[PDB]
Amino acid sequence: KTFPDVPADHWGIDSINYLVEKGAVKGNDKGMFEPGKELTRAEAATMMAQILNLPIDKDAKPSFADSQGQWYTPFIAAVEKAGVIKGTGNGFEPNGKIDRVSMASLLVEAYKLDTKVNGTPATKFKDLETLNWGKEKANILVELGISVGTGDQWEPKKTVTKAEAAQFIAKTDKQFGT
């Protein structure tokens, strides 16, 4: 599968090709990959369900009142069942944009990445030093070289694009998928 908006020598091409092969990403009706498109939490959850080859049962429902009655519902059901996501009494917000720290959480839970590091990873970014949720998860991605360091900020609240998500997921799955 080739995409006009992801040329052969463009970053993300190998990651994207891997996910296409695994049935975990696609382009749109126009043939476009839309690499810069900001992903929703449901879209990220779906990519995860597909790459992990979780059983998708069309009638399965996740716990969350906010994630029913839509295309994403059985995918959210699958990822919840697998423990890739949990609930924190506050729904899943499927149509909210996913941020880097939430993506880190999906990856760490899906691949049990805490079991792939020795001890507790150091904090290498000032914006992780006092982060109130997800610090340990971000620190694991850093320790494993899955993220993406660009200075003194990890940018935990920054939204994740489709191509960025493809990179995180392809790299992690190729390394730790079972």
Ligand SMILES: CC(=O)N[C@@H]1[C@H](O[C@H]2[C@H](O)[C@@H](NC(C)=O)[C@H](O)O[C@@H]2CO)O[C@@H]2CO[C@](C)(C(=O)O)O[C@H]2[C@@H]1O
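Numbering follows the first chain given and starts at 1. Rigid core (definition): largest C-alpha set, two forms, superposition within 1.5 Å. Residues that one form lacks are left out of the comparison. First, how it differs from the form solved in complex with the ligand.
- The Cα shift for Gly83 between the two forms, taken after rigid core superposition, is smaller than 2 angstroms.
- For residues common to both forms, superposing the rigid core between the two forms reveals a single consecutive run of 3 or more with all Cα shifts of 2 angstroms or more, at 87-89.
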Given for the second form:
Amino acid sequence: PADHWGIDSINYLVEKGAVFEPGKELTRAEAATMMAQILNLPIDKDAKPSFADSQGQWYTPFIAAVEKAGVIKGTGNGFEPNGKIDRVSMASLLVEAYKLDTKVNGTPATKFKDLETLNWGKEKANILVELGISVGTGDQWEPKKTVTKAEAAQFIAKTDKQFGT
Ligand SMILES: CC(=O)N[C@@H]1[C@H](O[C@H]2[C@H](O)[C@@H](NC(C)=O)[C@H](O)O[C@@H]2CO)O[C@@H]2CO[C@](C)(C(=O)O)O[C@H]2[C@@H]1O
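What would you give as the form solved in complex with the ligand, now that the form solved without the ligand is on the page?
And the full complex, kicking off with our chain again.
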């Protein structure tokens, strides 16, 4: 929709063939697929990723591509392609895909109460904040909240337009 948020982002992604169901929650496999396409990675049809849990499905060669490019690791217990992706995992995808750690000077400050107490991925969220890719709300960044398709489009369109090649 025209005056609706996300439209310039989604058009950018459509223009680059990387993506309406904007409020739909995104799975980790769908996020990885958007990455594989925006990065223009080579997609070998029968290439398989390492992960036992990511075989035999439409997303499988896309996951293999972003694993080969170093963009995804597992969770440690596989890739969990059909689990919903949360914001801190999204951050991890973008930081790895675009080497965003080389785009900031030193270590970004922590600007949110709920990034301070985080088990993993604090640094990656802070980098997104530092780069203004995540605007962030008030005093909560909500690292474990799931990402919608339109929110993913914004993160990716914004990041790629700035740092893509
Ligand atoms: C192996 C590793 O450290 N992975 C990180 C992360 O790994 C977490 C566990 O989630 C996490 N497991 C749980 C159940 O929370 C574990 O406790 O700590 C690991 C880090 O020490 O998992 C992310 C999953 O999503 C992506 C995009 C991904 O690449 O799939 O990014 C991963 C991070 O790189």
